[PDB]
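Peer 1: Listed below are the residues making up each chain.
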Amino acid sequence: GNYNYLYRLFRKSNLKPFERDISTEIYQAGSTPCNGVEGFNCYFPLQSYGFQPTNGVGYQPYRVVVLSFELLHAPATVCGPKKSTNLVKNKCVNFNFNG
Amino acid sequence: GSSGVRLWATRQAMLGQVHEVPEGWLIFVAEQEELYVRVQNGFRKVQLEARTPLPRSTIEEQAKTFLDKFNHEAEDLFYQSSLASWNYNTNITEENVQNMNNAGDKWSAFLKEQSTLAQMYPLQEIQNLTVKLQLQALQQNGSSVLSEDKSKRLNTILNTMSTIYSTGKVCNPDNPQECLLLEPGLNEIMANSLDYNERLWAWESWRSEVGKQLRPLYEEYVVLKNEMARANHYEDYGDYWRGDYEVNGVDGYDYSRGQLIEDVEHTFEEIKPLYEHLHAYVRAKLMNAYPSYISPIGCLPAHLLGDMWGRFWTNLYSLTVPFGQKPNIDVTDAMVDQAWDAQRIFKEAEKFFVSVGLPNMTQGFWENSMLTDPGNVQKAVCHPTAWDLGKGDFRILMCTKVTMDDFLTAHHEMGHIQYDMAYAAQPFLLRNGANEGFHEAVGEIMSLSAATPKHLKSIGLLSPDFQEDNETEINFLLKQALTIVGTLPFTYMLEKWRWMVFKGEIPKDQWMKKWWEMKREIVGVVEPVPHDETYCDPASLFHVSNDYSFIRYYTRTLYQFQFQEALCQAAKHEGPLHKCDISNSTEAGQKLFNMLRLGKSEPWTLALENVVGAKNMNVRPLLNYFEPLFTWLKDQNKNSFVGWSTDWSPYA
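From first to last, the protein sequence lines stand for chains A and B.
Counted the way the working numbering counts, the first sequence spans residues 170 to 268.
Counted the way the working numbering counts, the second sequence spans residues 1019 to 1670.
Be aware that a few hints might be false.
[Claimed, not checked] The calculated DSSO-like cross-link candidates involving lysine-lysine, where the alpha carbons are at most 27 Å apart (straight line), are:
# : chain 1 : residue 1 : chain 2 : residue 2
1 : B       : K1419     : B       : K1472
2 : B       : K1475     : B       : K1597
3 : B       : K1344     : B       : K1597
4 : B       : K1150     : B       : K1472
5 : A       : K185      : B       : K1082
6 : B       : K1472     : B       : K1590
7 : A       : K181      : B       : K1419
8 : B       : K1082     : B       : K1597
9 : B       : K1082     : A       : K181
Hints listed in this document are in silico derivations from the structure and should not be mistaken for laboratory results.
Model the full assembly from the supplied sequences, consistent with the hints where possible.
Peer 2: Written out as structure tokens, the structure is:
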């Protein structure tokens, strides 16, 4: 079991988009105060991930990366490859040198 | 027409402004916490129950959180426990022995703690059926509902009989040091040697060394099993086992433990004419073999059935074959002709299981499971078991050889795991069969379909030129009756015997005698040597000593018959039911998967209704399956008297 990773199984409210919740507060599932410790109606929201080589395909540790793109008043910075063609000379052609 | 709800701080303002409230507009006052509905020329007070103190934390929310937390951790603990058991089952080693010792200790202590935690979550205030059912399984204390001393002594007595049954050995009088265990020393000699004397001595010696020793232990085991059954709100330990089949709170599908007994008795009573014909013909073949040892009217000998408990008559199939000159159906020699192994057996099993429309299963099981004994460096168990290790890990323990018998058991084993991962969407508690008679039924139905000659011809196991005459069909049907129908009366009665043994209706000084009386009138089998109540022959069963309910086998047989009939109806099979094959029928697999995915969350009665169409079990598939054999037995019973006689005995 690869227990390095943890998942916030429980939370007091739904996280807002593009928000990270890292607080390790003992989740209170009931009306009994947790007092900083788990127990009756008190558990740990950041439960442990268990990954083994013989686990199920949908249960394997999957590395997921999401690439959000931000366009704002600031100048654009992350542009595309902008492939360039070959070069010709002494021929009537339609050229484009950086716009 | 639309309206809404109106509020007022005080009822004085409500009375003044009630004239302006249109009909259909609700009037609420916070001072009196009273609700009213605006009606024609007035307002009608809405009846309100006791005011709750805003219990925003119900037990349902706490139970759901506790269940989810339990299921997440229980998955890991059970997973590593299953790995260690598989490692031991594939390699028996001293380091492996302590592995389940630690794994079982942690799992048991963890289970009792979660059961203890679930104790303060009563099911009365829980409305979710899944939550209520899962916590009911969690709150099942079992042996711990009583005091610790009662649990400790019950476990010690359970360990004693389990060890005694495992080490049950009998020695020949002439050779004191020459002794044979029940498995396989005793079983091999009685199943192979047809000698009356040797089988009688082995039967008598086994019940003398084991029956006498386990009689006080079984009675103490039964007494303690009645002690925590009533502590678990059951009239006997038999009712405790029957609680699994009980369905409560499901309108239109509720089932009671008493209903199971009545339906099982009703099924056996209508089955009886078919069994009597089979018993008569098997008896008729017995005078053919031994004319001076079996009466034409008397019951069959206990040791002359192929099983010392009288379970299966498969060993008698050669002795009771309808036609001994017609060769039997077997394509094992064709497998070695095509150079096949256990890997090809499982590979063809998957090909059959995807021909029925169900999707192919992953590659993890193939590389994580052995299909042949791992040489001799590491000792492994070859018993047919299914490993529901969890976390999407599934394994099969089988030293499968290139044989038809191993081919069918391999089909049986993959059907078990194919049932296991079908309901993977269920939580950890609900990732199980609906009843104990369903997992074996799933593996049995399609293994028989694989064994059908049409399946063998389709994938080349049997040559297409094979002729399908009634002679081979009758021989196959009789073998099915001996192996399947033959064990039904023994399965029904022994569970019936053990039920009232827990109930205490039949006194201790009559149990075995009532068993033998039931062996004669009901089973139609008579013991060859008279004994006393010191003998505890029903306790000589593996399941009785190892605390296993025996009703699983009789229920599974009728469950699998219903499943096979529904499979043939879905496949629109024409002709004899025993030749019905589900291969190359995608719709049949889809219909089966409709309940395979369902799991144990729904009542098993609903699952049975979804498969065939009847909420209650029925024996209709039995008649359709064995109709050619039933007519053949009726025709051949010109000398086979239908039934048996209680009066006659091998010793009397």
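Peer 1: Among all the numbered hints in the text so far, which are the ones the structure does not match?
Peer 2: Numbers 4, 7, 8 - these are the hints that the structure violates, sorted from lowest upward.
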